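We begin with a single chain expressed as C-alpha cells, specifically the form deposited in one PDB entry.
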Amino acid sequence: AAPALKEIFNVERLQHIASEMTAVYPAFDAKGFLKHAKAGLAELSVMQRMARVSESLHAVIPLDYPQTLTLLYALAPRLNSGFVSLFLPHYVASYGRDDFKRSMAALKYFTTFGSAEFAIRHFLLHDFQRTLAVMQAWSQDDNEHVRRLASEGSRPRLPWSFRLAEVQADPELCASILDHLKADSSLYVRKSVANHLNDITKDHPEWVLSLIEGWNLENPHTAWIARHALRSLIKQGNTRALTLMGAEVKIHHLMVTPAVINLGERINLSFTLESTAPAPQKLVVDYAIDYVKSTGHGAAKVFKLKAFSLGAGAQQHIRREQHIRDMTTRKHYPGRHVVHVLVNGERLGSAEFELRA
C-alpha cells in the first residue's frame, strides 16, 4: 500500500525546495517560507499542498513578478520531480493575470519540467479567446512538451480539474489544435490528442467519428491516435468505429430468455447464424448490452461470443448464459436492456430483456 500522494509535498520536500531556492536566491527567507508552508500542512490535500508552496514563496519573496520569474526559471531544473514542479505553473496562474504575455512565456517554459495543464485552464476559464490563440501557436512548437500542453490543457474533461464547459460544448474551438497534432511523432503528444478526442466522444460521438473518417490512417502516428481516440466507442460496439479499425450471414431465432428478470438472475442469449456465401468466412461474433445507467440512459458494453470459420451455406448455433448481478465495477439499474448481436462489427439483430426493481 503506497503512501498517500499528498506526501510528495512533505516537510522533507519543503526543505528541499527551500534549499534549492536559497541556492538560486541567497537572500531567500527560507525560514519564513518553511513556517508559512507548514501551517496546517497535515490537513492539506495534495493539490492544496502544491498551491501552498506557491503561496508560501509569494508571501516571503520581496521581488516583483518579472524578478520572481527569473528566480523561478532558475529553480525549475533543480526540482527532483515533475509532479512537485506543478507549483511553478500554479504560481503563474495565481500572480500573472495582470501580465498575460510574460505569463504565457513562463507557462511555455515551466511545462517542460512537469506540466502547466492545470494552470492553463484558469487562463482558458477567464480569458479564453486570448489563451486559445496562444495554444494554437504552442501546437506548432518544436518542443513535444509545449505541443502536449496545447492538447492536454484544453481537454474538455481533464482529470483532477474542472471541466471546460465552453470547450465541452463546442468541439470546433480546439479543432485546429488537434488537426496540427494528428500525425505527431511524439508518443507523449499522441496520447494527449487521443485522450482529448476520447473526452469529446463522451458528448459529441458523431462529430469525432466524422473527423476520423476524414483522416488518412495510412500514417502510423495518425492510426495510433485514432485507435485510442475511439477506444470508448469501440468498447460500446459503435459500428462506425469498428469499421474504422477494420459478412454474408443471416440470423435465425434471435432471442433472450427470460424476458424479465430480477437482479441476481441469469439470462440466455441464443441465435443461429447461416452463411449465404459460396465459401467459408472468418467470423467475429459479439454482443452488446445497452446497460441502463444512473441517468436512465443506456451505455453499451460489448462481450465476445465466438471467433470461428463458418462454412459455405453452413449454420452455427450460438448460445451464451450471462449472470446479471451487481459487481465491484458495474451497478445495475432497472429498465429495458437492449441486446445487439454483432457479426464482423455490423449489428445483425436485436432483442431485449427487462430488469426490474
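Residues that one form lacks are left out of the comparison. By rigid core we mean the largest C-alpha set that fits within 1.5 Å across both forms. Positions refer to the first chain, counted from 1. First, how it differs from the form deposited in another entry.
- Note: rigid core superposed between these two forms; among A74, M255, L125, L187, the CA shift is 2 Å or more only at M255.
- For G313, a C-alpha deviation of 2 angstroms or more is recorded between these two forms after rigid-core alignment.
- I17 shows a C-alpha shift below 2 Å between these two forms [criterion: core-superposed Cα displacement of 2 Å].
- When two forms of a protein are overlaid on their rigid core, residues whose CA moves 2 Å or more are considered shifted, and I289 is one of them between these two forms.
- After superposing on the rigid core, the one stretch of 3 or more consecutive residues whose C-alphas move by 2 Å or more between these two forms is 247 to 357.
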Contents of the next structure:
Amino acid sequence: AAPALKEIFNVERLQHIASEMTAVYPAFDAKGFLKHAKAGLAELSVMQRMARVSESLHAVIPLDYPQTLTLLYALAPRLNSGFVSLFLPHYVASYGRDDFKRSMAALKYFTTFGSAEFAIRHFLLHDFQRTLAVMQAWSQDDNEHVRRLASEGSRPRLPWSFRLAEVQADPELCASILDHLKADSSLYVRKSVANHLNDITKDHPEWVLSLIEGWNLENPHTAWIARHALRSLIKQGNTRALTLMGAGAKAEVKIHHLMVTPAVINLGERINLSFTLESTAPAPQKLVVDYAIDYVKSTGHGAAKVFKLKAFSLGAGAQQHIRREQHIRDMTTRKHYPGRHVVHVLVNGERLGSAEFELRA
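After the form deposited in one PDB entry, can we look at the form deposited in another entry?
Chain alone follows, minus partners and molecules.
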C-alpha cells in the first residue's frame, strides 16, 4: 500500500517549509512554527494538515497581512509540491477577508503554483457578488490556470469543499463564465467547464440540456465538453442528452447470447458480462452501450448503478461482440451483500435484456 496522502504533510515536509521560510525571512521563528504545526500531527487528515501549516505561520510571524503576503509570494516558487502549496491560498482565505483586492491578486498569483479552488469559495460564500465579478474577469485571462480557477472555483459541487448553495440554486449566475470557456484551447480548462456543467445537471438538468442544444458541436473542443458535461444524464438514459451525442434514436438491433458468468460467485471473484448486438438497420447507427447492476444493500437494493461499456458505430447488418469483466470485491466506496444481483444491458437509453449472478453469503 502506498503511503496515505496525509504523509505529503509529514514532519520532513514541515521542516522543508520552515527552511524555505527562513530563506525568504531570516528572522523566521522556525522552531515556533514546527512546535505549533506538529502538535497532534498524526491525528490530522491531509486537509487538516494543509490548514495547520497556514495557521502555524500566522501564529509565529510578527508581521501584518501585506508584509506576510510579500514573504509568501517569495515562498511559492521554493516549494517542492503543488499540493503542499494549497496552504498559500488557504492563508489568504483565512486572514485576507478585509483586504479584498490584495487577496484577489494573491489568489490569482498563487493559483498557478497549485490551485486557489478551495480558498476562492470562502470569498464566494461571504462576498458572492464582489468575488463573482473577479472570477468573470479571470475567465478572460491569458493564463489557462486563471481561467480554470474561474470555472472550477465556482462549481456548485466541488469535491473537498462545501457546496455553493447560491450557485447551485441559480445557473444564470456563472453562465457567462462557462460561455466564455466553451471552446477553450486548454484541456485543463475544458475539463473544468465539463465538470461544472455536470454538477449543474444534478439540480437543473433541463437548463444544461437547453444550453448545450444552443452550442455548435462541430467545434471539437465544445463537442468534448458536451459529452463530459452530459455524462451523468447519458448514463440515466436521458433522450435529449443521447440525442446531442447522436445516439438518441431507438437502437435497430437484436441482442444475442446475453449471459453473466459464473452464475454464482464468492466475494472477490470476477463476473463476465457478454452479449452480441446485431444491426437490423440498412445504414450505420451510433450506439451508446452501457450496463447497470442492481446491487443488494444492507437493507433493500441500491438504485441501478450504471457503468460505461462502449460507444461506437454499428454497420448496417453488422454484428458486434461485447464483453466486460468486473471484479466484485469489497471496496472503500462499496460494500456488498449476498443475494441475487441483476445486470441490465442499456442501448441508447433503453434496457434490452437482463441476466443475474448470485453473490454467496
